[PDB]
Amino acid sequence: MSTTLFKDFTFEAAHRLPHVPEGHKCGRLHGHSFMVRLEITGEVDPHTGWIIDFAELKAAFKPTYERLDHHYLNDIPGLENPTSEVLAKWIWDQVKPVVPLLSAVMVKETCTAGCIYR
Amino acid sequence: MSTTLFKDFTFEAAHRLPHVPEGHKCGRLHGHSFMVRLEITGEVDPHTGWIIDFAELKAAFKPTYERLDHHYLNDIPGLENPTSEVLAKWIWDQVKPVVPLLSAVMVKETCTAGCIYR
Amino acid sequence: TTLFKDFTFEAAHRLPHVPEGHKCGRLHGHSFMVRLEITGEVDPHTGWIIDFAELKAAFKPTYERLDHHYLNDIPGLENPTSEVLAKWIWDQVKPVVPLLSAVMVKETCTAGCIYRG
Amino acid sequence: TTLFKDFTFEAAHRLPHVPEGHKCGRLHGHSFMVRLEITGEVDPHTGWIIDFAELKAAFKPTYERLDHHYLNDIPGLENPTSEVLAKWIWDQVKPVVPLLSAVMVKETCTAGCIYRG
Amino acid sequence: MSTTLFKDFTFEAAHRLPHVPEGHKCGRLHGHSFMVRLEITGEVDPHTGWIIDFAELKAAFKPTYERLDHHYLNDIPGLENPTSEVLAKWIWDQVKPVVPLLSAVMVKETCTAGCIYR
Amino acid sequence: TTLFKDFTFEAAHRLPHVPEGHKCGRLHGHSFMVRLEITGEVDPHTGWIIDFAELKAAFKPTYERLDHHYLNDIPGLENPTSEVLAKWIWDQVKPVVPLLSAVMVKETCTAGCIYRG
Ligand SMILES: [Zn+2]
Ligand SMILES: [Zn+2]
Ligand SMILES: [Zn+2]
Ligand SMILES: [Zn+2]
Ligand SMILES: [Zn+2]
Ligand SMILES: [Zn+2]
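Chains as they are written, first to last, in PDB author numbering: chain A, 2 to 119; chain A', 2 to 119; chain B, 4 to 120; chain B', 4 to 120; chain A'', 2 to 119; chain B'', 4 to 120. A prime marks a further copy of an entry chain.
Keep in mind that the hints were calculated from the coordinates and are not lab data.
A few of these clues could be false.
Claimed, not checked - Heads up, incomplete: computed chain B'' residues facing chain A'', CB under 7 Å, no partners named:
| no. | residue |
| --- | --- |
| 1 | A14 |
| 2 | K26 |
| 3 | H31 |
| 4 | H33 |
| 5 | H71 |
Claimed, not checked - Chain A' regions said to be covered by chain B (calculated; three or more residues, Cβ under 8 Å):
| no. | segment |
| --- | --- |
| 6 | 12–18 |
| 7 | 25–31 |
| 8 | 67–78 |
Ideal Cβ positions, reconstructed from N, Cα and C, are used throughout, including at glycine.
All chains, please: the whole structure from these sequences, using the hints.
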């Protein structure tokens with residue numbers, strides 16, 4: 002049987018949805034306190050007792066983090082439609098290359114509402 | 002690989018357990034601040050960038066919601082034994098017909114205790 | 004210096020004096036949070052105003068009266084609003100916990116009430 | 004006796020008067036929490052200081068002005084810090100809710116601000 | 002399709018990591034407010050409407066609980082390297098024998114960081 | 004107007020002056036929450052009482068003394084109750100943050116302590 006590990010970051014940005022019908026609240030400029038969850042799966046080095054470091058995880062994420070934190074998302078190439086579904090994937094795509102063990106990504110824009118890409 | 006989405010509602014009702022041994026706290030009339038989590042899986046329309054709406058999800062749930070919120074659960078046909086296990090299913094059963102993408106239902110009666118039916 | 008301790012208990016209530024078919028008038032329930040908070044000086048030796056276990060015991064009677072119960076049944080709780088209810092709690096505990104200074108009650112996660120003094 | 008009600012709304016803002024390329028000066032956003040809290044006596048009959056639904060309605064105008072909006076656009080919110088912002092809210096509501104006694108605003112989960120009186 | 006159930010406990014202990022490079026914050030004596038989640042899967046007795054009791058679950062866990070709560074973890078045989086990965090497993094191992102339905106164990110040492118063994 | 008900022012740090016402690024084999028006397032630990040809160044007037048131009056980053060820096064020394072450490076080792080923290088501990092923190096920070104008005108410490112999620120003034 003298997004072990005997975007998981008780490009939460011939060012960040013602050015503004016976004017808007019380009020393709021919502023004209024009235025929709027969601028297409029007005031607005032913002033959120035997003036939460037992101039990286040999750041990794043793999044083996045547990047018998048010496049460190051770790052799937053992986055974390056210092057190493059943080060710093061691998063960080064440049065991707067910094068691009069979103071306290072920023073407007075539609076200006077980031079890839080996120081012209083900054084939906085949770087689109088964003089969760091956008092992350093997977095940036096970090097999967099530098100974190101091979103990336104198992105799944107989760108994005109919550111509100112307390113009460115989220116998204117999990119694999 | 003695949004994307005799932007998820008939405009939290011909370012509601013207020015009273016319930017009691019019909020079949021607990023005579024002393025049990027749980028068979029006295031009492032109530033809870035329940036939390037319910039609908040989760041859907043499916044594809045991400047390339048134009049909307051959405052698995053589905055939400056306004057559309059909310060309103061599809063709503064009649065089922067309204068029947069539980071600020072109500073006593075044993076009076077609802079189906080919930081004569083308003084356990085989490087029984088309730089989580091009871092929901093699946095009402096909403097799966099109107100939300101084909103329903104992937105799983107979660108019911109938490111306390112902060113610290115829940116149930117996930119699929 | 005003030006301390007404060009928090010408890011959830013799980014119960015039912017309806018409000019009797021509410022309009023027509025208003026939804027708080029239908030027998031419902033909530034997961035409630037109660038916060039006793041107390042003010043005194045720390046013992047220069049224990050480093051404590053009270054245990055937190057001295058507290059627990061002194062509450063426990065009132066606590067099991069409410070947890071997993073229906074509130075309207077409880078003399079003094081005909082009409083169990085947050086306001087009635089926090090006050091009622093204060094009346095029960097102030098005798099057994101003289102240092103006690105506030106009682107806070109929350110029905111839901113987002114509403115709540117403080118009965119000070 | 005005090006009551007308090009809590010609301011999240013979801014919005015964008017940037018701070019105009021901040022150094023160089025400081026990160027709060029880049030157009031960002033937050034999930035905000037607002038807490039109105041009010042002080043009065045309970046009706047000896049309703050058991051209430053106010054509904055919580057009387058409240059909701061009296062706020063609702065100001066609330067939809069902020070939710071899902073950009074704040075700098077809102078006259079009086081050029082410079083939307085927590086401090087500016089809680090005060091601004093107080094100025095809008097104190098007229099419509101005279102019992103109102105504090106306004107608390109939180110940008111993030113861990114920072115926040117109370118504008119009393 | 003299937004029902005799983007889940008229960009949260011929290012506990013207080015101190016631990017340190019034996020095998021971190023010399024500076025690391027993590028190898029200094031420190032402690033945490035850990036959270037543990039037992040999760041069970043099985044069938045729902047049609048009379049009780051329960052996968053299982055809980056009173057029965059609690060008390061089956063309890064001796065294992067008591068050994069960790071308000072204790073230093075490196076002194077417990079098995080936990081000489083009290084990492085989340087190692088600890089989550091350590092639990093599985095103690096409770097799986099007395100709770101056959103144990104489906105998965107979760108350990109969170111901070112609000113923002115955890116581990117799920119199966 | 005008051006602001007408040009929140010920090011978790013992760014540490015160990017035991018209480019020396021506690022009965023027999025009482026469980027707080029066994030070397031344990033907690034995830035602690037510290038809340039500095041401060042009261043002053045907002046700058047009519049910045050819209051701020053303080054940064055939140057001016058704060059962070061002024062705390063940081065005391066903060067890394069506690070985070071990931073054992074508390075009984077720290078002069079003045081023989082006997083690290085919440086009460087001792089919040090006060091101790093106040094004594095360290097009030098010099099570096101004169102506007103500071105409360106310090107709140109929480110051992111667990113449900114207990115806690117405020118050292119005002
Ligand atoms: Zn949005
Ligand atoms: Zn129940
Ligand atoms: Zn109610
Ligand atoms: Zn900001
Ligand atoms: Zn640690
Ligand atoms: Zn302790």
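Hint-by-hint comparison with the structure:
no., hint, result
1, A14, "5 Å, holds"
2, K26, "4 Å, holds"
3, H31, "4 Å, holds"
4, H33, "5 Å, holds"
5, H71, "4 Å, holds"
6, 12–18, "holds (count 4)"
7, 25–31, "holds (count 5)"
8, 67–78, "holds (count 4)"
Of the numbered hints stated above, none is contradicted by the structure.
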